[PDB]
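Number of protein chains: 2
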Amino acid sequence: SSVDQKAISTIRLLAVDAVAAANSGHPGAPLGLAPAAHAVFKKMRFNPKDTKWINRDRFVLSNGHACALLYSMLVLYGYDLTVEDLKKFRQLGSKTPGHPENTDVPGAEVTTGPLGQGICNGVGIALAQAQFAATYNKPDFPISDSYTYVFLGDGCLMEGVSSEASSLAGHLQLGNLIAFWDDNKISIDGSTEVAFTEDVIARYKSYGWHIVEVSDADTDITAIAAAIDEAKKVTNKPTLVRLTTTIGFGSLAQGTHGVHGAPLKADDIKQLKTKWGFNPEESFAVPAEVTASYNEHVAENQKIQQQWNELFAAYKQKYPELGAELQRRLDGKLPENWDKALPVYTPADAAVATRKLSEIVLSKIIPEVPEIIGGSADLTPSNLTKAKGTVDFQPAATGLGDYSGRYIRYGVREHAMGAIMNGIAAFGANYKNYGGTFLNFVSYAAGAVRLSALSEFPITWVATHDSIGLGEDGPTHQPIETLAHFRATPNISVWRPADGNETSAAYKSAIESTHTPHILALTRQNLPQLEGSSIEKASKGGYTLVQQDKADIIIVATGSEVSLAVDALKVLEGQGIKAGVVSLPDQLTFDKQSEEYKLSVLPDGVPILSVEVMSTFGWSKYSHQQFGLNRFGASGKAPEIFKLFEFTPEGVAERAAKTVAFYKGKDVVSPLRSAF
Amino acid sequence: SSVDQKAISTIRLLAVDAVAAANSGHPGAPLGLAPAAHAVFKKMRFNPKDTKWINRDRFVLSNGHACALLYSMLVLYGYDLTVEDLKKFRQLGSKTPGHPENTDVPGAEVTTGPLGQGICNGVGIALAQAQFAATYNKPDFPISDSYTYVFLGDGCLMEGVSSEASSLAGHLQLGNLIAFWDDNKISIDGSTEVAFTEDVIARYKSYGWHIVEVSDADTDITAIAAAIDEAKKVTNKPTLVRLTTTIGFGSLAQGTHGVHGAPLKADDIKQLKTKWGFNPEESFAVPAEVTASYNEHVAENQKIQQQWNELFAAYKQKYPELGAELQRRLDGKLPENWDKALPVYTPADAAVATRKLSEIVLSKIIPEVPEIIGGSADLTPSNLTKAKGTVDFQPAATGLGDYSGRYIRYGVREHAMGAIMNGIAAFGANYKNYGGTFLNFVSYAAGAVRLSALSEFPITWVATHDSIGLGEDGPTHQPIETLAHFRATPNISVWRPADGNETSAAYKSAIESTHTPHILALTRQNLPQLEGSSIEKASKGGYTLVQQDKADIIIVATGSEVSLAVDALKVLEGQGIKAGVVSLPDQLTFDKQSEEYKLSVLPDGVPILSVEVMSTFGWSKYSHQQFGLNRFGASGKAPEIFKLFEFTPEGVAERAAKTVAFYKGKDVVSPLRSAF
Ligand SMILES: Cc1ncc(C[n+]2csc(CCOP(=O)(O)OP(=O)(O)O)c2C)c(N)n1
Ligand SMILES: Cc1ncc(C[n+]2csc(CCOP(=O)(O)OP(=O)(O)O)c2C)c(N)n1
Ligand SMILES: O=C(CO)[C@@H](O)[C@H](O)[C@H](O)[C@H](O)COP(=O)(O)O
Ligand SMILES: O=C(CO)[C@@H](O)[C@H](O)[C@H](O)[C@H](O)COP(=O)(O)O
Ligand SMILES: [Ca+2]
Ligand SMILES: [Ca+2]
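Quick note, the sequences are listed as chains A and A', same order. A prime marks a further copy of an entry chain. Just remember that PDB author numbering sits 1 ahead of the position in the first sequence, which is counted from 1. Just remember that PDB author numbering sits 1 ahead of the position in the second sequence, which is counted from 1.
Be aware that a few hints might be false.
As the list claims (entries may be wrong) - Now the stretches of chain A that chain A' is said to cover, found in silico as 3 or more residues with beta-carbon under 8 Å:
# : segment
1 : 161-167
2 : 186-196
3 : 241-249
4 : 358-371
5 : 488-500
6 : 510-520
As the list claims (entries may be wrong) - 16 Å max Cα-Cα, derived EDC-like pairs, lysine to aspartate or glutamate:
#  : chain 1 : residue 1 : chain 2 : residue 2
7  : A       : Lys-509   : A       : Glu-532
8  : A       : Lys-238   : A'      : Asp-200
9  : A'      : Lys-665   : A       : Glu-537
10 : A       : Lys-665   : A'      : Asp-668
11 : A'      : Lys-667   : A       : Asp-668
Everything labelled a hint here was simulated from the structure, so no lab data went into it. All C-beta atoms, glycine included, are put in the ideal place defined by N, C-alpha and C.
The following block holds chain A by itself, in its conformation from the complex:
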């Protein structure tokens, strides 16, 4: 009460002092949201000493620039983050980076800062919670009953990705999602009147959300707590709580854009402290009564988790099969020998498009690995991402699925699908989740994909129609730059399998992943089964498909161009040129192999030509010369497009012959060599 007010002041002043010490960062939203943070964390169930308790409530700061607020809460509650870490806010190597990162910050569920992402991550956490609860809960066994609390600002509400995810969350009736809009009428460019005058509340009602409005969120923590209680009674709608706040509340500069994103003036900090009963000569004060009050809540939460552990033990007795499955998932382990379900092919099998091979893999592994769920952005019958016989993830009230379903209809929402996948991964419980679209439209989701990599989440894009091989839809659909973009992003495995065995290797990697997102670039068109491919060899990312001791040239290729390279080898033989072929289904996986393995694939002393029907960027890592497509495509029958751009056996052979000639009398060393 008095202690509640002191806690709020403590939070506010820790945040302002952290910004002040860094002389960098964002004091405004922390000042405005400290009452709400105090109220929400008092309602949340969490263990600072076990950040991975699966039935914890989750908190996401979607307005991630406000992270001094989050860090202050985590410090006050005794997470593995201290006042000394706050004093190192925004400093190189600290645990308090300028935007929250789940890899570095204990209690940061996701990485935010790029606006709009966190609320979508919250949708995914809530989606996973609903699916998890439907899969495991039993009468008298509420294994999963947690909530997902999200703070977001005007910036997040302006980013289209949040509209996508909010439309979908309302459709999915996600009643355990409770989001709070920091309604402070200020963004970087000033008043929201200059660019953001829509009726946000009316829009959220149009999505099927419940609304609670708190008119004085600067002080009315009673109403904020009551809004949470109200939201919990509305079990079939996500709730948006409108928190009408003053940005920078208490500052001389409150209610202005100047308090958004720069440190307060020293005299402003002094009057903040004196107004709230603190010592203006002191920084980073933590009144012991605040610590005590917060510790009481932690102790209660720890007793809740202790009881949850006993509930889980009793669950394993009453439901031994589900209990063992749940234990395995919480231990982060896939089913024993699950990969024996992966399809295997021989060169005698028929040609198949890698999108169809992907369908077949999914159909075999989904029944074996319950923690696989996924969907498509309105391309299910084109991406081939649904296993026959599975049920869609939908609220049962719709009649269209159930929360125990495993297939998500994302609609035409690639960016939100990407960020929702990140939230599903962030939920934990070993979820291995995927999302289908055309490769060219993965680009719509770049904001989220990049965060999958930075956050180290094992999400998977099923990215079909990978090239000019899709044909008639034409250049607005045909990737050119796309693989280069994602390969140039740290920590993305970009698999472009050539055939059945390679597609199984790509899935083995994607599903086994624990820290690396995957993009599977798959074909519309049929490709032959290759002589020399296997799951084992393709699992190395790059391998020698056709070994030619005494090669005059090695052709390195991916996907649809491996078969082309093999056909070019035969043309070259007729010209008296001996070629080897390397298949490079994943450059990242290949890069992580030993130097000796990599040199066995790309040796010294032989010219290497790359062939891939998109950008040549990156390919000089593996080749001396590069045959690619650095112009936009065309609308026509796919074989005619390939002929137009000379991606034919003869066109490849011609460039291979020119490569052999270009290096005659030169000393050639592997592209893997470098000066540093």
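Chain A' with the ligands: place on chain A using the hints.
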């Protein structure tokens, strides 16, 4: 009447026959939207023989997969597109590609197919029209009074980019925008009930749009025409017309997802023809009464344009200064010697961040070039994109600006900003428009940026905070992959100027552009004025900044790393190594120079090391070894991040020395050489 019905049938059957001949494409939405297309084009003012008449109404097919409908309208109205072109729908090299492309299709204002883009392009066309009208119209001189008509589907309404643009368009009170939702309750994955159950109409009202609902848009062309008349009376709101249609109307498979995206069965086409009075044995029928009726409307429109030409002549008499400016703009010519306003610097001038240099350029050229308008995605005081003293583009009713304003508050809406910029460029009248955000968040707009390149639109991104040099905001804000992504996209000039003179060259290129979008990657941090830079040399895209005959190594760098390379040259001199320095402010501009010019910059016989604090992808085009940053960044003071990653004079010198050693006794040829 009877002729109206025959026209609608003609449109429907041309579209279905085009799909049938290609055995590829999308018959459903063309069948459903033919009544609306017929009605809208009858209300539109356009000249098939002058696609660039500046006061034409514009039409945008945002659901671009429905382009057989658009092509049928263009053929029937006598644009430079014939039945023979329709017979070549989706065929290599035809003028009827599988999605409309403004470069290839007469009467296609923009390139659509990637969902959500076209409606945003329409917002930009309407924005430009409003700004253009406010700038030039005078009493009795309605130089510009045209409308922007957009067709869009459920897919476009699900893509977040359309929410961004619709929020902004409602805020901007764009009363000459009239959009039509194809409300057919079907997408690729089936019924919209599976993923898209929001109250679209309520959402559009929340943005401040006017609504008209047409309950039977399969037949009620009277109500569609009346909806247009109603929309035109609402001058301070964009209008959404809900067209309740049956996808594939008339087909045996109408009302199903199967009619969305594959050819109809032959017997289905036969019964379509017989039901509508056509010969089932005939394809591509064009009844002469339809041609006649459409020609009447063209003739009336041509008389309207003829009168507009006389109005323009009278305008030039009454308002000679504005008239000459308008003529110049319609001739596609910038003001004579406008570039004399570009700022010029010497090495004696102070260090300045290239974001601040950009502000100064804009402040000098905006007063000289009226066709420059632009804005920022809620980063105006950080991107520095507004010239002091200019007025924002806002409806005057808000009191916050005027439609004659030149500065757009886009809000936190990068993707819509990108697509709106494309629409402003598509309007014509020599508009040279720009949009500011942080470089890392240009990625949120990749869907639109790619279309800027494919559409050949001279738009400009003012992309500040380009690297780890931004410091404390950390890795969620620091570009790594971003330049590689856009450089790998065909037809994007990616300028990364090092200093004042280079920044002026970058703007000279961006503003003179007529077919190439520009991204200007600009710094937060200060950089020195370079000895050896000039507008003239930087205008070549790459140039020798420090010439060293007898160089042991050449260091090629961009942006902030050019000064670093110059400092490394001094360290190397102390180690007995002579270096030259190349500055490469735009790789695309450089690539377009003559081979002899390029070789004068990157000669044979000398190792070349690239230095740029982001991905090394692409750099092997210009260098033998590459020093870059292929991992994510860090949150800290920027100079400490540079030190951590060894982007220091000593760290560059060390790698340069290792490069010299690596090539000792090797024959080195320019990276510009290739085997083919
Ligand atoms: C995708 C993206 N675009 C731009 C930014 C730059 N940026 C950070 S905060 C911010 C404005 C935030 O306004 P709001 O969310 O209302 O925060 P508040 O001012 O209330 O603290 C912007 C534009 C960003 N972080 N992410
Ligand atoms: C950004 C983007 N994502 C995905 C696609 C793939 N695609 C084309 S049409 C379409 C569905 C369109 O549904 P709707 O707009 O309702 O069209 P209709 O079925 O009514 O013809 C999809 C998902 C695309 N063209 N663009
Ligand atoms: O327009 C689009 C996607 O941009 C879709 O309809 C796309 O054209 C699909 O290829 C068609 O629906 C046909 O699908 P598929 O034969 O490629 O599986
Ligand atoms: O959080 C964000 C952007 O992601 C913004 O507030 C960003 O941090 C800006 O850098 C701050 O507002 C400070 O701006 P500036 O000093 O870099 O111009
Ligand atoms: Ca705000
Ligand atoms: Ca539809």
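* Which of the listed hints are not met by the structure? -> Per hint list: 3, 4, 6, 7, 9 violated.
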